[PDB]
Each structure stands twice: as structure tokens, then as C-alpha cells.
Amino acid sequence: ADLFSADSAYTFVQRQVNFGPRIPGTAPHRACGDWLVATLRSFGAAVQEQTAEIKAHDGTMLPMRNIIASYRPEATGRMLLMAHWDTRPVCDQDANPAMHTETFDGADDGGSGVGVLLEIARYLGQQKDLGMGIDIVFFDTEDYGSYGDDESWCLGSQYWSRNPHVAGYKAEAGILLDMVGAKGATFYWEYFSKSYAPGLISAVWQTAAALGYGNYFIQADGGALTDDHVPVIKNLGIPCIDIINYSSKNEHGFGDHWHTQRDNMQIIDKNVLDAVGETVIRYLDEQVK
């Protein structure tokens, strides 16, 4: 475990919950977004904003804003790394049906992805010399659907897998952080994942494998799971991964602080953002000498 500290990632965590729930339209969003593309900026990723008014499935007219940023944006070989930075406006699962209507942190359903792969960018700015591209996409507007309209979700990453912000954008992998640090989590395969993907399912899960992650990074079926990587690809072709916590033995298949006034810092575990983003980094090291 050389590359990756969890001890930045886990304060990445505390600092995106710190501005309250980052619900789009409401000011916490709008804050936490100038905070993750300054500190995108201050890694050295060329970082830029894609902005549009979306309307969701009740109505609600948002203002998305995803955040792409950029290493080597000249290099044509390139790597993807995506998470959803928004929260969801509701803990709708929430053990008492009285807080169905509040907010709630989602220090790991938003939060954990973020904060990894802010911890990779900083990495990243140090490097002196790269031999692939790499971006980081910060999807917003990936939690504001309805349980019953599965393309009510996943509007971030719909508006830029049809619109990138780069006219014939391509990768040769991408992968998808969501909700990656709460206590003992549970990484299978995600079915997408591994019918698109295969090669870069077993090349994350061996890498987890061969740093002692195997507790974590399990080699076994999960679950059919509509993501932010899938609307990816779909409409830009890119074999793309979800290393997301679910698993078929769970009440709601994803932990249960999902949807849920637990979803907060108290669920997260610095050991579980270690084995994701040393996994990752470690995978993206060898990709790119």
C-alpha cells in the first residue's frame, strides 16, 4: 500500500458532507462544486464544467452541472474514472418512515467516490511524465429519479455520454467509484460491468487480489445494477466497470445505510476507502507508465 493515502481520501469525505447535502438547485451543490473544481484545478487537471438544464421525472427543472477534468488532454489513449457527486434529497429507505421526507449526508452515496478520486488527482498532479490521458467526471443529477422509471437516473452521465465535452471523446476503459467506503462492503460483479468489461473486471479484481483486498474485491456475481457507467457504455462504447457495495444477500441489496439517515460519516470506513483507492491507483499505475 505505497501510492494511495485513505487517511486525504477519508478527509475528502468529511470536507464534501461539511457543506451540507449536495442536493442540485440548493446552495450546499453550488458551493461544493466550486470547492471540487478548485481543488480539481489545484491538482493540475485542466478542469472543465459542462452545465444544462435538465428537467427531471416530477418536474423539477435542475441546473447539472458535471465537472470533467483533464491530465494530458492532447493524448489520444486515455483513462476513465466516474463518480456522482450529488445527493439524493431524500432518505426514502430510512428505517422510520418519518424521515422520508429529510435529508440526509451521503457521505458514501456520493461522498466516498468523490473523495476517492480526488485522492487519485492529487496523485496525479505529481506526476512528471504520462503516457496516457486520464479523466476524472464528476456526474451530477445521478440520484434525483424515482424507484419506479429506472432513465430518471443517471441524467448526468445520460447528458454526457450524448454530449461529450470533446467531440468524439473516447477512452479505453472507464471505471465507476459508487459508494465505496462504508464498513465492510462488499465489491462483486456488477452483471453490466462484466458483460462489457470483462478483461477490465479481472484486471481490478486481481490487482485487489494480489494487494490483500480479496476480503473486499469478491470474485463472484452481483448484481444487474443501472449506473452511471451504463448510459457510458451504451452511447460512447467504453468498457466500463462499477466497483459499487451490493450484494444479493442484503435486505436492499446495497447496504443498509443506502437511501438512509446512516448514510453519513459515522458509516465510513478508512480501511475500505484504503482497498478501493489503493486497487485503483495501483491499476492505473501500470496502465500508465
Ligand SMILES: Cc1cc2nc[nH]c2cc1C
Contents of the next structure:
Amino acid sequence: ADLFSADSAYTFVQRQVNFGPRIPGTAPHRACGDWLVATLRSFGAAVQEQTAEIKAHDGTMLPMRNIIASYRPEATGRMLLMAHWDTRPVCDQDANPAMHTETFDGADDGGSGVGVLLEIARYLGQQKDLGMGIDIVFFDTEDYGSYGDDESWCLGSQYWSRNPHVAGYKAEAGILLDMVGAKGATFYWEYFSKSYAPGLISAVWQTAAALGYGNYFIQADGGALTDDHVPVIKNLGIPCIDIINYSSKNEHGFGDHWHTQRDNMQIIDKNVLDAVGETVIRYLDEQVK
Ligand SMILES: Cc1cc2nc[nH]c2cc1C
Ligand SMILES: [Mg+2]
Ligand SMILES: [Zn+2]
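If the one shown is the form deposited without 5,6-dimethylbenzimidazole, what is the structure of the form deposited with 5,6-dimethylbenzimidazole bound?
Time for the whole complex; same chain goes first.
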């Protein structure tokens, strides 16, 4: 199956990275956001932006910019796809205490999910007579928190889930992609995903298995990860899963590149992007019925 161009997704990641770090409040962030909006529109999506001024953990006032792209916005049966598009300002997990004040590319952490969903949006824009509405949401200000302070992360998704772009917004299911591009990635059952959306997690992991991606989508418990999907679950009641590279066997749970200078384009593996994208596209295809 090649409904999902791995080369194209890779290129989308590289473009994001070549803007420079998409750090909230900086010029590369603004330019990359403009480009994301324009690209989604070029793929036939109706795109709107949700802006707000939000207070970070350190009092910094961030210009949150969520990006919402919709196909068939009038349809009542909807599918939701999510990723965060900001970059963490500092790679304060670098295994070199000197780099805890510098910037990293966020190729996997932010770039990968956005790239996969941009390629999926291209695919969808080529479809005529979609069977369901589809919303692609790029959350801002996901990666600006402090460790141990759970509420300081996922600010864009908190805001959107508490203030959706349409009153009573509902989708049948939600899929969040987070760090879905690194070589050797392992996608285990994230706890909140399986606890609140067991049917969706089963369907997606079995879809991946059927496609030959059981080496990436492992049918075993992973971590309990408070990601952008949890506010959506809690405040909108949408069953959401999180496809995220994480393993308790990793020193940090997340890949060793996470929040280091090594989260750059050299960590990206086209085959991982392809596994995730082919899986998600096949699931969508079998849901628009
Ligand atoms: C702490 C944390 C950091 C992240 N960075 C990208 N996704 C993330 C998810 C969590 C839960
Ligand atoms: Mg493919
Ligand atoms: Zn991060």
C-alpha cells in the first residue's frame, strides 16, 4: 500500500525545520505558521486560526496560534486528527548540561506529526465525495512547560478543547500524532488512550498489524502520557488515542533524541513516517463508509 508518500512527509518535516525553531513568539514560528495555513488551503482544506494570549509557567505571554483545517465542515459525523506544531525553546534534556539554554530543530518533536498530517491532507484534498467530515488541528504551545508541572504543557489543546471553533464540536474519534518519525520508534498502548478509547486503539493497532507494521505498533502497554489528547478527552468527550514514540525501556521514556540537539532531520526515518501515515490513511478509508 502506497496511499501515503513518505518522501512528501519527509519533505514537510524538512521545510518546517528549515524555517528555524518554531518557538512561540518568534519569527520562524510566525513564518512557519503562515506556510502551514497556506499549504493546508492548497490541499483543499478550509483553514481558520484560533489566536489567544496565554500565560506560560514563567509568566511569559505567548501568542497561541492553533490552526484548524476542515474538510466537509457541514457534516455532522467527523474524524479528528491532531498534532502540535511548536518547538520547545530549549533542549534542556541534552546529555551535555551546556546545551540546556540553546535551541534545537524539533524535527521529530513537532515536525513529524505535522508532516504526516500535511501529507494526509494532500491525500484528502484529492478525494471527491468524502464520507465524513475531517478536522486536522495543529495545536500551538504544547512544548513550553516545565517538568513536573503537568498543566504547563499542552496549552493550545487545553484552550481549544475548552473553546472549540464550533459550539458542541464532536467527532467520532480522535488520533493525535506525537513524535512519529524517529528511527526505531515504538508505539505502545498509551494508557489514557486505551482506557478511554479501547475500540479506537484496537482498530488502529490492528490496521497497522494487517499492513505489516507490528514492528512499530506494539500491542502492549506503554506509558501514561498527558499529551494533547487528554484535554480533548476530558473537555469534549471525544475518544482519542495518542500515537507516540515511547518505551519504559528508554532512559527518558521518549526516544533518546527527545529534547536534545539530536532531535534533528538525521533522526527521521521515512519508513516510520510511512508506517504511521499508511496506517492512518487506511483507517480513515475504512471509516468513511
Ligand atoms: C512532557 C511531555 C513533553 C512532550 N513533548 C512532546 N510531547 C510531549 C508530551 C509530554 C507528555
Ligand atoms: Mg507510502
Ligand atoms: Zn517535547
